[PDB]
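This document opens with one chain alone, in structure tokens, the form deposited without the partner chain.
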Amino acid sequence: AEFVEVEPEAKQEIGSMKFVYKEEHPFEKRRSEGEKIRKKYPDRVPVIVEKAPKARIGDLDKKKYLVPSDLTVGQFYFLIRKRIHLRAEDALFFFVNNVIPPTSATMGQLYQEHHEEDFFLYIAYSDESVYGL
């Protein structure tokens, strides 16, 4: 009899966002890999990180990250900043399903709530605070 209290979402929050990674690797190969990697490393989460459309920021050398579940989103920002040699004054924003995730969440929490059907979490990054601008 209790209502499910549905959490509000931003207007732009959209599932199944486009990533070049997903265009370049067939779904079932991604899914098979994601299942396997979750079993092999259960306290890590597999993450794809890609530059958002229209972003003006350096590209990462590598898209696939195997991340300790307890690492925070904030700690992950700092890791990515270093990987792309951001300057102190440079901005960095992450997006999951078009929405900036909470800096204080763990990567495991983010994964739990937002992983896709292939068992990966997808994060886009940008110099801008709105995905795709």
Given for the second form:
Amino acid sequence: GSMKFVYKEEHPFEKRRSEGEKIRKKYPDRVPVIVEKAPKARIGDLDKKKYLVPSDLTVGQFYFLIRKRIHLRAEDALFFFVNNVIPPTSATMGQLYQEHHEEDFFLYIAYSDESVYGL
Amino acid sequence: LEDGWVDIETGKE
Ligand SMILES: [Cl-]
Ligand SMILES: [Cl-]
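Okay, that is the form deposited without the partner chain; can I get the form deposited with the partner chain bound now?
Let's see the whole complex now, leading with the same chain.
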């Protein structure tokens, strides 16, 4: 019913923000994205959560790359959520970062097999 | 890449 990210509990805010500062200066054409499975999803967790994403990639391109990391069957649907809404397909990841990044300078995206996050 | 980050297109750590 609302986004929950285990990553934020595991890493206290001040540590996250320091890392976000550094990674934005080191890789300025990339956006740092934390990717987690939504609770209740029947998908399986990524082996790694921390992705650097060229700002020019479209959201749709990002969808496909995450799908390949889950080794997800083509017939299994996959939806993404940022701040409780499904992002626009035409946006670039740089544009999504501009609108939705948090105060640690990361962008948080959840995925699920369901079109409703809390389901 | 650095700090455990994965470059998403190439898979470079
Ligand atoms: Cl974590
Ligand atoms: Cl970069």
